[PDB]
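Chain residues, written in single-letter form:
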Amino acid sequence: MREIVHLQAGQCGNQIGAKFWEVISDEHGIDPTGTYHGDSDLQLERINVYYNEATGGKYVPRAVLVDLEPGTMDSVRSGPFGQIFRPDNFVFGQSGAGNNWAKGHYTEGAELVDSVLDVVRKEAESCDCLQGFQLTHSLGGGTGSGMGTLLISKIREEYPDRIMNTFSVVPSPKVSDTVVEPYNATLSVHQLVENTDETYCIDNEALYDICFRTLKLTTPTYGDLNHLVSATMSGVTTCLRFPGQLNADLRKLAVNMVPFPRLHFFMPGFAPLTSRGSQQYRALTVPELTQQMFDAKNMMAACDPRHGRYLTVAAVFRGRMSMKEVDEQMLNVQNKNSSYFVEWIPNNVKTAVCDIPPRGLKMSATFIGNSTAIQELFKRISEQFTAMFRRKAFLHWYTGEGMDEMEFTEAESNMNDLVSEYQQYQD
Amino acid sequence: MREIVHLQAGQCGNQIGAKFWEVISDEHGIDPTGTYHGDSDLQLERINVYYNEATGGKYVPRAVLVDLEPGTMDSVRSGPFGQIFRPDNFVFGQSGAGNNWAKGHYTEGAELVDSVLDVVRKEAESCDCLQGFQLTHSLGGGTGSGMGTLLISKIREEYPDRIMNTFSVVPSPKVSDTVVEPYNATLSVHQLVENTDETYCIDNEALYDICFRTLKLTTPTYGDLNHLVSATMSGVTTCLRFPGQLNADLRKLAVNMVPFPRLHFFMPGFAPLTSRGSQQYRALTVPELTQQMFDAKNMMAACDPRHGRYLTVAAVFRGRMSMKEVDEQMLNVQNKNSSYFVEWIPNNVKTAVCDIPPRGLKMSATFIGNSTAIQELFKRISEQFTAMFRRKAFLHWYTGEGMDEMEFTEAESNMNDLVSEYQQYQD
Amino acid sequence: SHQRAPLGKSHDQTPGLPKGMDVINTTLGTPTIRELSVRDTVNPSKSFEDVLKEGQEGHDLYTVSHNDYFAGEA
Amino acid sequence: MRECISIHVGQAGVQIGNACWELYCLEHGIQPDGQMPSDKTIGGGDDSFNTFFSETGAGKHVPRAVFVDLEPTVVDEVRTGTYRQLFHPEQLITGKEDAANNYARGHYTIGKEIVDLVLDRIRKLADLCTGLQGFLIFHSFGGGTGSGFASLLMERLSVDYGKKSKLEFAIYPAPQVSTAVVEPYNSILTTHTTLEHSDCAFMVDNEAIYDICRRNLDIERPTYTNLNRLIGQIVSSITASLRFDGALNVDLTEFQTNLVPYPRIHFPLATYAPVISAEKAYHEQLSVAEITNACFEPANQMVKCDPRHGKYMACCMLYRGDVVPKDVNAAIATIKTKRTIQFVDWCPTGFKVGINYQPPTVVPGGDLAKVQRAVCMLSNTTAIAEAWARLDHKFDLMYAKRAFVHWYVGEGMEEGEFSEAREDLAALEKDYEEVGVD
Ligand SMILES: Nc1nc2c(ncn2[C@@H]2O[C@H](COP(=O)(O)OP(=O)(O)OP(=O)(O)O)[C@@H](O)[C@H]2O)c(=O)[nH]1
Ligand SMILES: Nc1nc2c(ncn2[C@@H]2O[C@H](COP(=O)(O)OP(=O)(O)OP(=O)(O)O)[C@@H](O)[C@H]2O)c(=O)[nH]1
Ligand SMILES: Nc1nc2c(ncn2[C@@H]2O[C@H](COP(=O)(O)OP(=O)(O)OP(=O)(O)O)[C@@H](O)[C@H]2O)c(=O)[nH]1
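Protein chains in written order, with UniProt numbering: chain A, 1 to 427; chain B, 1 to 427; chain C, 379 to 452; chain D, 1 to 438.
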C-alpha cells in the first residue's frame, strides 16, 4: 500500500507540524496518551497511510522533526502530543542558526545531514511503498531554508520516483522582520524551483485579514493560524485516507493540475468560514458554499488573482454531496467568469467528491489554486533584491561564510526567467 | 555427550567470568546458594554441557580460576556466587604481576603451568568428551596474555582435536593506559595466531559509545559492561544448550565461518537494544530487529567495516521466529548491499534460529561477523610497534628478563604477513 | 583585633558559614542514575506473563493495521 | 601478601614521618593506646593493618617502619609524645653524635657501627613479613643526617636485597633558598652514589608547597604540621591501593615498570589536584574535568619546572573516590588533543590511571578540604634538567675555588670522588638532552 513520510523543518514548521498532527489524532479519535478508542471503522482501516503501529495499540507518527534550538523541542515535547512523538525522531543541533541561510546550507547542515539521512532512510525501510513525502518549512525561515534546500537536493537522487510535496509559508509582503529574508528567499527558491514538484504558498497577512473578516475575535493565537493552515493541509490529505468516488492520489491530482514542469506554486482554498451568529444563521447549501468557496475575500494564500487570470483550478468536496449540484455549479461559475479564465485551456476545473464529512461540520471542501497571481509576488521580491544588491548591504557575513555575489547573479536570472515565463504564457 | 570446560584468565577475565557465570545461573534459575529450583525441563536436561553434578542438586561450574593477585580472587570469592565456585579451581601464585608479559610467560608461568595442567586434566578426566574449551582474557592484559599464550600453547598438543575458542578484549585505540601494552599485544598475537582457531574481538570504547547511544545512562560501571558481552557470550552458547531447528556445533559454524586457516579473528553482533521510553515505543518485528542488528552503530567489536567489505556473516536468532522471515530479510539485506560483499563468495550468510527465547525477552538474536575491518587495528599497532622499536623504549626490562629484539622481528613480520594476507584476499 | 592578620592558628570563615562541617559534600548522586537504571533491561523478569499480555494486545487491531500474523494466523 | 617497609633517615624525614602514622591511624581509627574499641579486628594480624601495621595477638598495631637518626633530640621528644606506646622502643634508632651536614661523616664515621644494628632490625622485620613488595625511603638530599647515612644503608639493602623495589622520597633542595652551602656538596654526592642503585626517586620542594598554601589554601604563614600533612596526604593517596580497592588496582611494580623510561633517570614528579581550602569547595563544585586542568596547570606543581620549556614522557594519575571511566576517558582524550601539552613522539600513550572508589577523608583539626574526587598526578618531563643545570653552575664555581674543602679532606676524603660526580652529572645532562631530542 502507498504510505507517506512527513518532514518537519524550520522553527515555524515546529508549530505547524504539532498543530497539523494533533488535528489528525483528534480527527481519528486517538487520545493524547495514544491508546486509540475504536469508534470509526474507516479511519481504523486507513490510518496506516501516515502512521505505523507499535505495541500498546499506539499509532506512531511517521514524521521527522529537525531544528537547532533545543528549547523549541522541549516546548513541543511538553505539548499536548509530544509523548506521541519519538525521542528517536528528535534530531537537532548543538548550535543556533543565527537565522542564517548560508550557515544552515553549508556549515551546520554538513554534520547533520548524515544523521537525518540515516534517520529518514530507516523509516523509509520501515515502510513498504511510499507515494512520496511532504515538508513543512518556510521560504523566509533561517533554519527551514538552510536545512530544506540541502535535504530536497539530496532526497531527489535516492528517490527520484516520489512526490516532493513542499509546504512553505510566505512572509508578509509589507514586512519581513528579518532584514536578510529576501536574501534567504532568493537563495532557497533557486534550488526550490529546481528540486520540487509541488509547493504551497501561504501568507500571514491574509490570515490576519481572515480573522478580521470571519473569525471576528480581535486577538488570536498563532496556533489558531496553524489550526487554519493545518485544516487546509488536512483537507487535501482526507482524499487518500477516506473512501468515496473521488480520486485521491496527488499524481491523479498533480498531472491534472500542472501544464508545464516549472509550475510548482499553488494557492489553497477552504470551506465555510463562520462568525458568531452565522453558525445558527447559515443554511449550509451547495450554492452558498461554492459562492463562499470562490470569494476573493475567502482566499488566504497571497493576494487577489483579480489582477490576472486563472490557469488551472482543482476542487475537492468533503461530505454528503452529489454530482449534479456540483456539475451545475461548475457550469454556474464557468458561465459566470469564462473570460477571466485563459483561452489556453478550456474546462480547467478538477473536481473530487469526498463522501465522508469532516470532524467538525458536514458540508466542506478544499480548493487549490494555480492562477496568474504569482507575478507580483516574485516581482515584489525582485525590487528589494536588486535594491539590496545595488549596494550589497549585509554582505560581509556570507563572504566570511564562503559565499560570493556570483551565486546571486544566476539566481535572480533564474527568477527573472520565471517572471518572463509567467508573463509570457498568460500575457 | 559433548561438553565444554571454561577457563577464566587475566584480571579482566576475572570480572568477565564472575559476571558470565551468574548470568548462566540466573538464566537457569539456580539460587546463589546453589540449590536449583526446578522450573524448566529443557534447562534441567541440558545443564551438563557446562555444569557437573554435586551432592544435593548443586550444579558445579566447570571453570578453573587462575591469577596472581589475591585481592581480585578474594573479591570474586566474596561475590554473590563465589560460593558456587570451587577453592579447588582457585589456582594462583605468590607473586605480583608487574603487568609484564615475559614474567608471566617465562618466569611466573614456569612454576604455575604444572599445577594448572593437573587441574584441567583432572577436570578433563572428570568429564567424558569435550567439544573444546573457551577462554576469557585480554590480548593487552599484563598477566592474562602471559599465561593465555602459555596455556594455549600447552593445551594444543595434549588434545589437538577440539575447539580453541578465545574471548579477548582489544584495548582502547585512543589510549592503552598501560604503555608497554603494544609490546605485550604484539608478543601475544604472535603466539595467538598459530595456536587459536577462533577469536572474539571486543573494544571498550565502542561499549562506551553503546552506553551513550542506546543505554543513554551517562555513568555505568565496568560491570555494566560485563553483562553486555556475556549476554552475547551467553547468546552464542544458548544454541548448544537449547533445542530448536538450528545446528549448534561450533564446527557446524567454524567450517561455515573459516574459509582459510589464518582467519581466526571474528567480531560479535547483538540484537534489540532499547532506551528509556522505547521499551513501550518499539514494535517488536523481525524486520526492525534485522534492521537494528544490521546497524552501523550496532557493531560493538572494534569499528565500522564501512571502509572494507564483508567476508563471512553468521547470525543466530533466539526466540519464536519462522524459517521464511529469516530468508526474506536475508534476501533484503542481500539486495540492500549486493556490491558491499566480496565477489569472492556469494551467499556468505549463515543463519540459525533458536526457538527458545530469553527468559523475559522474546525476539532476540546474536551475530558473529568476519568482515574486512581488522586491517586498521593492526596497522594502528604497527606504527605503535615500529616507533617504539625504532628507539627500543622500555626494552631493558625484557632483556633483564631475558627477551631479545629478534623475537620482536618475526612477531611484527608475521603481523606484516597478516596485513597483506587480509589485504590480498580482499584488495 | 587580630583580624588584620588572623592566622594565629588558622583562618576564620565561620560568619560566612551557615551550615556545619561534620562530613564531606558530594556534588550530586550518581546513585540517582542507578536507581533510575535497571541493569537487567535486556532480560526483564516477565517470563510467560508478558507473552500473553502481548498476545492479547489486539491482533485484530494489528491485522487491520498491516495484516498481523502470530502462529499461522489467517 | 601486599605489604612494604618504610624507613625515615634524617630529622627532616622524622617529623614528616611521624605525621603519616598520625594520619594513618585515623582512617582505620587507631586510638592512641594501641587497640581498637570492643569491635573485633585483632587476631593473627590479618586485616587492613596487615599491609601497614603489625597488630599481633597482643592487640597492639606495630607500624612496619624504623625511625633512624643520629641525635635523640627530636626522637626522644616524640618518644614522650602521644603515640610512643605504639612505636617499638628500638625501632626509634637514635644516634649520639652529629653528622654535621657531612655526607662522608654520616656515610663513613658513625655509619659503620650503626648500620649493623639497623641491619638486625630490617631482617627481623623481613622474617615476619610475607609479601615485602618494597621499601619507603623518606630522606633529603641536603640531609644533615639524612644525606650521608642514607647512602650507605641504601647500598647495603641493595647488595643484599636487589630483587625487591626501593622507593625514594626526599625534599629537593630549595633552588633559590640555601639553608646549607654543604648541601650542594652532599646532594650531588648522594645523587651519584644513588644513580646506579636507586629504583624510583620522587622529589618535592617546600617553597611551592608554601606557595600553594597562600595561593589557594590561603595560609601565608603555615607550619610543618600543614606541610607534613600535605605530603602525608600524598603518601596516603598512593598507598590507598594497598589499603582498599577500586575499579582497578595498580601496584608500585607497575609504577616502576611503566614510569622510568631507561636506566639512570627515574625521577618523576607527583601532584595532587584538589588542593583547595574548605570554604572554596564549600561554595563550588568539583569534577574530573576541572581538576584535570588544574593537575596539568603548570603552577600546581611543586618544582620550578616550566612544562612548556620541557616535554612530557610519562604521566600517572590515581583517581581516589567516586569517579566513572566515561568522563575520565573523555577528559583525558581532550588532553591528548591539546597542543600546549607537548609529549614526546616516542610515547603515543603515557597515562597510567588508577581508580579507587574510596573518597579521601578529612583529618581532625585539619586545614584540608572535603574531597570526593582526588588524584595524585605522577609525571616525568624534560623540564627538570634545569634543576641540575642550576646545581652545576652553582657547583662549578664552588669547586673552582675549593670552598670548605679543608673540612672534607681533614676527615678522610679526596677530590677525585668530587670530580667523579661532576662528569657523572655531566653524563646525566647529556642523557637528558638526547632523550629530549627526537
Ligand atoms: N513558529 C513560528 N514561526 C513564525 C511565526 N511568525 C513568523 N514566523 C516565520 O517562520 C519562519 C520559519 O521558521 P524557521 O525556518 O524554523 O526559522 P529558523 O530557520 O529557525 O531561523 P529564524 O527564521 O531566524 O527563526 C521564521 O523565520 C519566522 O520568520 C510564528 O508565529 N511562529
Ligand atoms: N577486570 C577489569 N579489567 C580491565 C578493566 N579495564 C581495563 N581492563 C584491562 O583488562 C586487561 C586484562 O586483565 P589481565 O590480563 O588480568 O591483566 P594482568 O595480566 O593481571 O596485568 P594488567 O594488564 O596490568 O592488569 C588489563 O590489562 C586491563 O588493562 C576493568 O574495569 N576491569
Ligand atoms: N623534611 C623536612 N625538612 C625540613 C623540615 N624543617 C626544615 N627542613 C629543611 O630540611 C633540611 C634538613 O636537612 P638536615 O639539616 O641535614 O637534617 P638531618 O640530616 O636529619 O640533621 P639536622 O641538621 O640535625 O637536621 C634543612 O636544611 C631544612 O631547611 C621538616 O620538618 N621536614
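Note that these hints are calculated values from the structure, not bench results. One or more of the hints may lead you astray.
[Said to hold, decoys possible] Distance ranges between label pairs, derived from CB positions:
| id | chain 1 | residue 1 | chain 2 | residue 2 | range |
| --- | --- | --- | --- | --- | --- |
| 1 | A | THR72 | C | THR441 | 18 to 24 angstroms |
| 2 | B | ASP128 | D | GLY162 | 23 to 29 angstroms |
| 3 | B | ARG77 | D | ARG215 | 55 to 61 angstroms |
| 4 | D | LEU128 | B | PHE260 | 28 to 34 angstroms |
| 5 | A | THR72 | C | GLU451 | 21 to 27 angstroms |
| 6 | B | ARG276 | D | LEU128 | 44 to 50 angstroms |
| 7 | A | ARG2 | B | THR351 | 42 to 48 angstroms |
| 8 | A | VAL113 | B | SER278 | 29 to 35 angstroms |
[What the hints assert, rightly or not] So the derived list for chain C, only partly shown, Cβ under 8 angstroms to chain A, looks like this:
| id | residue |
| --- | --- |
| 9 | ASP400 |
| 10 | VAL401 |
| 11 | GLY436 |
| 12 | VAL442 |
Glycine included, C-beta positions come from ideal geometry on N, C-alpha and C.
inquiry  = Are any of the numbered hints broken by this structure? If so, which, sorted upward?
reply    = Violated hints (numbers, rising): 1, 2, 3, 4, 5, 6, 7, 8, 9, 10; every other hint is consistent with the structure.
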